[PDB]
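Q: One-letter residues, chain by chain:
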Amino acid sequence: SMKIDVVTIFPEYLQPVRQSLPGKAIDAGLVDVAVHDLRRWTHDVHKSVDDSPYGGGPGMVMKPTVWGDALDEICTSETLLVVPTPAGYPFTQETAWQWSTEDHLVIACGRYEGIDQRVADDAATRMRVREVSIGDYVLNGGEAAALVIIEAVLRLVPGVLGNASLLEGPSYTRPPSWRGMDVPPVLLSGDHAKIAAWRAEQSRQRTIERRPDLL
Amino acid sequence: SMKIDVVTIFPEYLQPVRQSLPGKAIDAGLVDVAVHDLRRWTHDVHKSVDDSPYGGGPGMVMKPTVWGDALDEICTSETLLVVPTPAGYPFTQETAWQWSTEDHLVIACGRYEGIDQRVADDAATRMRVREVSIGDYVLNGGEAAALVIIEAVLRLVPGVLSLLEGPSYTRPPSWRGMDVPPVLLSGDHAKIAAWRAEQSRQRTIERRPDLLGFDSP
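Residue numbers (the entry's author numbering), protein chains in the order written: chain A, 0 to 163, 177 to 227; chain B, 0 to 160, 177 to 232.
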């Protein structure tokens, strides 16, 4: 049973991942994904969510008073607060496995210029906070990263998304010949020990070529 | 302007592209994003896009015939074909800068255990092909990765326009008993720059020591 709350100024961004949960998992109460418009917690008629950065510079910083109120309402002592940011610790498959057994994830989506750091710092005094980056690139905001994180975590929770080192090598299916290219004959050989060795060599070669950092 | 075509068996999952940054780029006419249902290029009644692997293994592999017909229709020799996959070359900030200059991206979204390798091999005889990983984690399909790639690229396109950024702050100067660092309120540009540079380098060695050439945790 996992609850995920997402807070964002673009709640529509998260709607297709909500309609991505098998009804069987929701009815079994294994998962609940709720999305919240951050502007619900604004104070002013203009519904302001950001303000100019102290110390000067470009862009805007998200307001601590707004985020503080939102997290106060949404989070509990059991919450793992996830903050996607290009300045975060790396989000990896290990992270995904760890978070897959959490009871309550709250994902705070902000612009990449940032949420006022006092929000995370305050939250960390009463819950666990994880500022994470999904890769070495900048996105305008955390929403697309939230989708990646939700998917990577929930596909590891038994029966939730409906699904059941070295890089994986190439895969093939019918037909055996297509546009002048044949499926590697070893795969049709019925020698399953040899197929495993062939796949291992394919994996080695691909990892050397594409991800030498992994060796 | 730029054209982005996305091919997927879940066209609805790509609707977030209409939000925020990509949505604004589209409304400004700086990019045209078109999403295509792969099943459009099937012919059987069941609209099958997958089949079991040769050589054994779990799951299903996407059929080359359907993909070949789709890419035939959508791609030209000038196309940059993007295939998101955990087995890909890393997608980085540099990649995003490079692709921001392209006339035409086609993003082929796979599911299950991926796409028959001959699809990319065949395409590479006509156009440039890039199989890329957005990070070291596994997803159920390439759709969310397509959204990440589109976001990272579009914010760099003309018309929209190392180290970790340190903490940022805004009003009020004191909140819940936590104060904004005094230097940031001091108006001393030089001291502010120096503090920010230091905060950047300190956050980097704590969170991303690899960026400064040190061992990772």
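Any given hint could turn out to be false.
What the hints assert, rightly or not - Okay, the calculated bits of chain A under chain B, using three or more residues with CB under 8 angstroms as the criterion:
1. 28-36
2. 48-60
Claimed, not checked - Simulated coverage check for chain B against chain A, where a stretch passes if three residues somewhere in it have a Cβ under 8 angstroms from a Cβ of chain A:
3. 42-53
4. 97-109
5. 178-184
6. 212-224
It should be emphasised that the hints constitute simulated quantities derived from the structure, not laboratory data. Even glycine gets a Cβ: it sits at the ideal position worked out from N, Cα and C.
Q: Please flag the earlier hints that this structure goes against, numbers listed from lowest up.
A: As far as the earlier hints go, 1 and 4 are violated by this structure, in ascending order.
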